[PDB]
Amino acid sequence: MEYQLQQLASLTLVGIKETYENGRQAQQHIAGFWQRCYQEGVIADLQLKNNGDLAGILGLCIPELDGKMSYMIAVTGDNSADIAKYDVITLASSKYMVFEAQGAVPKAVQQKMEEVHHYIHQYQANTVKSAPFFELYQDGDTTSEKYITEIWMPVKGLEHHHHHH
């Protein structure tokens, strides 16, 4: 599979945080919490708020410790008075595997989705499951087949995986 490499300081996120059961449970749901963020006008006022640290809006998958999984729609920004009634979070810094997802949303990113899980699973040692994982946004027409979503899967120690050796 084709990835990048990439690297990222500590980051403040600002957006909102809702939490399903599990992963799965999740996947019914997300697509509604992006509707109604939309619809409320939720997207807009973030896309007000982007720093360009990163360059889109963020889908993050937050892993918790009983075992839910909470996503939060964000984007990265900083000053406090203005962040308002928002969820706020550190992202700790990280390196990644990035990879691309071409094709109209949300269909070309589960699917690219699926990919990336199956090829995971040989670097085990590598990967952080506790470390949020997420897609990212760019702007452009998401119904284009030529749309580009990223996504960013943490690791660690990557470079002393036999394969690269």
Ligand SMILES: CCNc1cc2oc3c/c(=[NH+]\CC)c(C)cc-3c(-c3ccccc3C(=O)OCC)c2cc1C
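Each form is matched to the other, and the largest set of C-alpha atoms that superpose within 1.5 Å is called the rigid core. Positions refer to the first chain, counted from 1. What changes on going to the form solved in complex with the named molecule:
Superposition of the core reveals a Cα shift of less than 2 Å for residue 157 between these two forms. Shown in the overlay between these two forms, fitted on the rigid core, is a CA shift at residue 82 of 2 Å or greater. When two forms of a protein are overlaid on their rigid core, residues whose CA moves 2 Å or more are considered shifted, and residue 146 is not one of them between these two forms.
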The other form holds:
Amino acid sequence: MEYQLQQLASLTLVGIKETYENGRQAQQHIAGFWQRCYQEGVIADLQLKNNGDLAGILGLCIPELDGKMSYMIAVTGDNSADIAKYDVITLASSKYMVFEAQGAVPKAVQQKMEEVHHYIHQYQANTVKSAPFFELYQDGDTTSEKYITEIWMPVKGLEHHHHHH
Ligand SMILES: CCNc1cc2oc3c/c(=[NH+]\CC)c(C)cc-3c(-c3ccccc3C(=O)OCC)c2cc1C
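For comparison with the form deposited without the named molecule, provide the form solved in complex with the named molecule.
Time for the whole complex; same chain goes first.
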């Protein structure tokens, strides 16, 4: 499978996190949460705040310590001045396997995400299950078959994996 290796410094992310039961229905709630964020002007409002650290809107999957699963819609921003209205987290610095899903959203992303998870199962000592992973949606027509969503999967110690030796 094709991927690029990328590294991020610690970043500040501003947005809204919701929490679901780890879901066979999760994708339905995530759809609804996207729909609501657009409908309520939240996406537009976050887009203003995007400081450019990452180009686009993030959909982060955040593991919770009670086993639940959170999804956060966010942008790289600057201020905890937004805490009144928004969730603000620090995305801790990490290396990533960065994959591309090309096709109309969400179908291409869902399908690519299945392939990714199956691919990365061979890298159990190198993925980081407690670290967020995310979809990155850059500017473009997400209905276009050429639209590319990036999938960022955090890794540690990947250079030691025997497949690279
Ligand atoms: C700039 C990024 N813009 C978007 C990103 C989106 O990401 C989505 C991720 C999803 N899961 C994780 C992969 C699911 C389930 C739905 C998503 C939708 C979506 C949500 C509700 C209803 C329709 C769609 C839909 O994609 O709109 C198509 C017209 C979505 C829509 C837009 C506009």
